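Let's start with one chain on its own, the form solved without the partner chain, as structure tokens.
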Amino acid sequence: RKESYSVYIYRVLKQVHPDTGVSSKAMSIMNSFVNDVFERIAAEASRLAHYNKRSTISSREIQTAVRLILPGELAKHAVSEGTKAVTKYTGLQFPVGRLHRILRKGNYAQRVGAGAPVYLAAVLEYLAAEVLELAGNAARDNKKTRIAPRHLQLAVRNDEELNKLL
């Protein structure tokens, strides 16, 4: 019932920790985490568009959705990433073409603009890179060569903003 971002979650880590791997138990936890984040933002952006008497979800509704979900300085960076990405593409490790397709199925009565998945791909790529950086740090501190769910929940634990995001 969930999408598969394991390819792009892995492509992000080789940019964050090139000589580090990830367990498959830790891979599905990241994949489900990215899924819980996508749907929450897509649900808010849809309500925001229906709230403001609109019907095409744009990068504007994606940002305000992100600002209304990610706490503190997580929303500060994710907004910087989404805005920077949208202007550059009217690179990114997430499939903008696939994320656009997923956004449309949320409700076919609401159109989806081209700039919305560009913003969402950057935010998802940022939230992935931040978790794998802290989880990758906890693994190299233990001299281990790949990330386990132990280092995942450890990364979320000592990060209050990440822990508030669940």
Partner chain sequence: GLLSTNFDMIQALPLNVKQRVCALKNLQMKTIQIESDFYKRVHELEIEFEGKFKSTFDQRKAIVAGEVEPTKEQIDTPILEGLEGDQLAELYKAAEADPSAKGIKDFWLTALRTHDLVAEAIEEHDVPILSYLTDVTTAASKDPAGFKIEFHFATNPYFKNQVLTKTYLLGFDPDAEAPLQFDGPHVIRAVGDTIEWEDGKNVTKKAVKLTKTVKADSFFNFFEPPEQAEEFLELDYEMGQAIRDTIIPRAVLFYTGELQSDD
Contents of the next structure:
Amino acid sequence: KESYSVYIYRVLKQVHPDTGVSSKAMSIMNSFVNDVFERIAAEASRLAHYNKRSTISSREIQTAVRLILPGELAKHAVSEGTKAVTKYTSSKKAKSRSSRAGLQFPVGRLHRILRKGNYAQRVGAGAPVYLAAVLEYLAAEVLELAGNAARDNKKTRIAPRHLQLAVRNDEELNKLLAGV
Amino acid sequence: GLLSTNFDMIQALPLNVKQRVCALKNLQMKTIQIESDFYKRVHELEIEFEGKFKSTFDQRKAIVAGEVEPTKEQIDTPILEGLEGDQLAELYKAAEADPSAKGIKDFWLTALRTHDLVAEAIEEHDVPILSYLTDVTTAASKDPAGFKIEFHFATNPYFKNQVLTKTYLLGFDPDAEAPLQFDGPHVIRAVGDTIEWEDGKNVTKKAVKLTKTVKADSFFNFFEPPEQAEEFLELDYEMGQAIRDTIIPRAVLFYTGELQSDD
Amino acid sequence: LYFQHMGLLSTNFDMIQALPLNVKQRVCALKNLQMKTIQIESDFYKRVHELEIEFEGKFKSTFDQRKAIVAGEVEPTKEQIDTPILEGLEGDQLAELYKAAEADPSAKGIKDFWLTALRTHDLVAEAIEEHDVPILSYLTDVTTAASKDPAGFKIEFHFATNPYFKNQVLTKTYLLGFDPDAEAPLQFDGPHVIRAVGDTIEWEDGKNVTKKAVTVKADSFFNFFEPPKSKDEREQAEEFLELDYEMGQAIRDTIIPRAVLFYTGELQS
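Same protein, different condition: the form solved without the partner chain was shown, now please give the form solved in complex with the partner chain.
The next block holds the full complex; its first chain is the one shown before.
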């Protein structure tokens, strides 16, 4: 039941700088992010419930992402998560984990939610970085398509109907977000 | 002490210059003693202002509990500061009045769990317990120097206590054995409160198999404070500071979530 | 912690939205009560400011004695000499250090004291460029004082006679607002900078490290004495203004009270 609205909004300004988003469309975005997060986390736990300490690493998230996300979304998400981890382990006023990874989505909060749900409890620092990049990539893809549909319909604000056009008319987003 | 950033420079200093640095160390100790008096006066200032803050917090508790009704001047305050006229009127129309809903349910639970530091301490089995929290208050003292935080719970099936008290004892003087540390008031002791749990409700304890009783994760270990012992106390104190300095004075901003952090 | 000025981005917006109207109106009352709490807090911060002014007279003597030591104007007393140069070390370990370098009668005071202290602080060190270094060697003292009317504080940088500029004191002044912003009252977190006021540096010919020929502004610590202007004198400029103020706070609140600990590097990050 978590809110990523401020991060979803910052991502929106990156792909569509002069486009807004309605409050109901923002609720739907949050549902997308929460649903994908829960599914990715539940499988990352199940895959790490069988090693000794049960420690969710960047590599468990990577495998859960390959399983949950379809085809090309999976390849691009894995690309994004890999780059975020590499930039994060390469990185150094104290800079937040999200900005060290070059991300808008909140690494620290996702670490807390991962550690909390006891999904194979013990979480490595790379895992929220990778997962934040995956959810941010998915948010950016949806927002890009929904923004395009919005100003094709002569609007400057993403409405719920622009999200459904973005999702249902994209083969892989539709398979990923069908149950939501 | 040999970890100092500029040790090699210090070592190379000629002796007559070294003695001047020593003089500066002695003068620095005197500065810190004066700083200690400053913090004592600030602590008294905080005590003085408790009476000034009290009425706003009382009125807030009465509103949260449903004991008093909002005035017209109160009703005309925007529920969220950020909104424009149009969007605000929508928001007020999104859900009709419900006369069976008294006060503001889950106010303190929502406020506490929206703060990222306190959210770290809240487990899911703590959530229904914190639903019974009706008020959170704080007060400071000169004798013994420190402050307390009190958590008021309505009658509930989890424990019998009606007030859970957390007390911090503070040292305001520089440590005679390390005077140059002094960074302000520092915790001597934390004193919690014994929770009188109803049968089978103690989420702070679990057994593992000899059969031992070990600590389970829960917000309510906040009321059982402590070579690791210094790591717990500092993070316990910092959570206490957050509640006293940040959450209590600005509770409704955490309830609405208008105060955010980017960890 | 930041205040979310876009209300629809509020973390608990959907919960708020779903609240029945009679509950919403109770939250509205709490917002009104919160504004009153903030007004009382602003009075608290004014009282703290008064306390800081009051204690200036008490701190002054320790800082003055420090400047005299740094300049070589006074000799350490026996009790000062017996104070360990580094806090952790015991008699045996100290006698090592005190024998590691023989006295040098040509060395007066503590050369480069304030330069070293400032450059050991990570925030201020970022602002010190290499052509600033020989100028800051002439810094004999850094002082600060606060005022009630007009509300704010100043930092004064005292320079010995030097070939870079003629000024003996460079002053940086911050005017602070202690009241909540009437059009955005809920964000109030304490005093906020209204304006920063610098000082005119009377550079000797060809020594102005704040200027370069491409004539453009060059990077230099001494641009601290050309602060960014407030809006009533002109955007991105207000983030520049906040970063200037933050460095002023670092110097006043941290480096000045604990200068020798930054000189030794006993204060770490």
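Only residues modelled in both forms are compared. Basically, rigid core = biggest C-alpha set you can superpose within 1.5 Å across the two forms. Positions refer to the first chain, counted from 1.
Student: Determine, with the core as the superposition reference, the one member of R54, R98, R111, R47 that shifts its CA by 2 Å or more between the two forms.
Tutor: It is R54; the other listed residues stay below 2 Å.
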